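Here's a solo chain for you in structure tokens, the form solved without the ligand.
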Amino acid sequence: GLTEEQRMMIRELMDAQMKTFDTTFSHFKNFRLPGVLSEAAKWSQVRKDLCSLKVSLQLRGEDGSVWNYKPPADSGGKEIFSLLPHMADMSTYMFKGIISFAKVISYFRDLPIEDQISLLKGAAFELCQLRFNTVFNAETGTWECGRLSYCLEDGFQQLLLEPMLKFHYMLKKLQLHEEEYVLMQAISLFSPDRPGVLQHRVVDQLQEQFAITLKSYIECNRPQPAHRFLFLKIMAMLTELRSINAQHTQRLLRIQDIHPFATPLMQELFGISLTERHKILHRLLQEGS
């Protein structure tokens, strides 16, 4: 089986995940919502950007009532940004959970504060997408976030051309365990080649052991032939997630330049002496757990 150090590593990651992933989104509050009764190549790029990831929004009340928001079609105007303030609040809530996740890991808190900042900058979106996938319903095409749900709107082959959507469907198909998800989070978090990382050697050694632990876990708990090459598939998915991260960052900067919507914590993570430019990140890392 697994070595006792690998067992302890998985248990610490899983403990951290449980403590910092509010999978019922019960503490996501005070978010913005679309109002009730509401250069050319750059706009053309932005309009193609937003239409790819088009979702409707549903809020179930504690009483059993339901509010449902259907987004407008693109009529060439500011109507395509109606959901961005809400998405900024949701992404910000997710990022805070990801920050708390890293803070609980012993190997992360032992790193210098500037490397903690640079790793969180490099990995925050990726870790958020990994968590979002665990609440993704591939049959209904909806992310189920507690009383909130985000449903992709109607074909499906065309939708899969959007890399972010293809990633979520492909990753869901692997039917990963919680332990495999959290090891993916650690491999992405401890990436030695993120910009600004000074302790690249210690990070690379850490990433290698998380990858070794993931491979050993898969060999210990998945005898079926449906899971052949599963470790390599997961590592390829992580490489793909890194590519999607870069495309998404460019997409956000294009939208933010035309229609600013990013919260102050997002502006820090996307870059819109390391500690001076990241007062919020610095603060959250000092507050501890």
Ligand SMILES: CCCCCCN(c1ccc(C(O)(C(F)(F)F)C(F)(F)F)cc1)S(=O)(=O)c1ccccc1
Second form
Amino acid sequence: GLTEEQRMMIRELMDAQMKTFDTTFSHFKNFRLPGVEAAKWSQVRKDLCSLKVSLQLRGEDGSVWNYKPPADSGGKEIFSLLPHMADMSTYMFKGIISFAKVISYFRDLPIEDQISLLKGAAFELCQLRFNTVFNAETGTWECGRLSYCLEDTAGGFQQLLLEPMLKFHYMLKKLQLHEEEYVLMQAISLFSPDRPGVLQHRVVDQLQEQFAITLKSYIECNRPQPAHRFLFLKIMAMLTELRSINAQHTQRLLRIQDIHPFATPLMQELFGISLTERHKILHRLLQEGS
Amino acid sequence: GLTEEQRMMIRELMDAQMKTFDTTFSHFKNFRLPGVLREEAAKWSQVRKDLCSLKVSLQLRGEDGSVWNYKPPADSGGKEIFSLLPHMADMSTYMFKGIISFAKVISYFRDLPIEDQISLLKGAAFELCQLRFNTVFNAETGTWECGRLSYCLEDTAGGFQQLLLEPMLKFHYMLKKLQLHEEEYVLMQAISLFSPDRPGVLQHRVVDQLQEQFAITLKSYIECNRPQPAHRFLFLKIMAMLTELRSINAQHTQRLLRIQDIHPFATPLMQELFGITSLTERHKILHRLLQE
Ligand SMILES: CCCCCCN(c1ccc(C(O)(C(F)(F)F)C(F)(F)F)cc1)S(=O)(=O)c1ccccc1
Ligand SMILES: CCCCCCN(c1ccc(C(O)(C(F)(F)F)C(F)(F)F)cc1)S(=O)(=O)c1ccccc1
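What's the form solved in complex with the ligand like, now that we've got the form solved without the ligand?
What follows is the entire complex, opening with the chain shown before.
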């Protein structure tokens, strides 16, 4: 029940996702691992305690390495997983950049608007991809050999749900979205006309409307159950909440970087720590081939 | 009580143990860890059998409070069965160096020909290491507590019964049940070290006499420092454990040689101790270690 222009849009996005989402994380290697002014710290310790995960590294041989993090005994021990987290995030950001590069509507845009769109949506598209590997029953992101498990708390669900990034994950997972709906959410978030720096506002706004129309038409053609009533509007509301979480995450990251520098060079360009001149890695990655 | 020469014998051995047994393993660093990655096929079948016993998980408690844990892989095609061998060799070599230092600080051992010192260390190195490992063994948790490192036996099947089939696990459990004192542990080490019937020993009667005096001291220590109508046969129980330990030593040498043939892993010190390719010129690391 979709137009062939909508049908080609969906499969160009789904082919893009297949080519640029390493769902098994097989090509992620050479990552750092945990080893074997006063007012600021209180905020930073809060920002990092709400995201207390354990790491499981499985080997092709069948062996398993497990890392339980250090409990809060003050400081410098709260930054144990930060180097690894910056390596994984940079790897995901590169996959997001490659995702946008192979989409025709994105590469046909000015390189400065391509930089502005990727700076505003990198975190958001990374969360959408991570939701597809999130296990809500075990609170674990299953990333191939790497698994990230939320540490059990006495609060019990309620405490974790006070973290907005976690409740987004549990609520988006509850919608039980298809692959096509996640990749249309990625396109709608990527082609955001009101991101800082964007110049071709109308061009991007017109592109965003077509993606949103395609998603509404896809849902109408494949999800007629009462469980999926108002699903399109729920997804659009979820995307609005994701934009709010994105702004919070940028503020958290800048606060941690000020007291403990950890960001990779690509994260510094994406989070603001001649656009093309200030964003050389992004400029090089976007001129490179897919 | 004990004769004055017997008390000084225990004091030299205790002084030996204190100076050379890193009971917290604080100085065991820079060790390798498992990574995050026709007729010879009859040799491979024997080695698979040789390496199933070593179902141990490794735990690394960090200074910050973090914990790293390692489940060994299940035997598949092969090679993964050798994942813990580099680490185990580093630990064995570290323990072997502490055993050589123990023998070096004993007067009765230094006054022997260097070639008999080497022959005794080649025959008893594994046994003295197991005796020291028993003192850090927790029978209730099946875990060797080596400071920040822990080696926990993985529940293979039934459990206690299936594990007690491996002679070395049985040894650790039976020896731990005797609840020996530090002085009795160190006297076991001396009796095992001064064994006259080790391959290559020449001064057999001097070594045999030295072993008898250590055994008499241990027998006298038990009669004078333990409730006697209860520990009547503890000395004889200890001697039977040492006899079984000598048998387990020979099984381990054969197991180790079989693995080394198809998968070399032994450190240079292990190669000299286990005969992997005159006595002075073939044992030069041991020679330097015994002559500082
Ligand atoms: C540290 C808690 C991880 C889970 C919490 C939510 N996730 C997240 C985590 C950290 C960031 C950081 O930017 C921050 F500084 F905020 F910690 C980073 F630098 F550490 F990476 C961003 C998103 S997650 O994407 O789902 C994700 C990321 C890596 C592995 C699995 C899942
Ligand atoms: C295969 C024999 C198993 C005997 C019981 C297990 N132990 C053991 C394991 C391997 C060896 C080897 O010699 C072998 F060749 F068998 F593989 C070594 F080279 F790997 F180190 C020796 C003793 S342990 O004493 O309890 C020990 C050693 C180091 C750290 C913690 C515990």
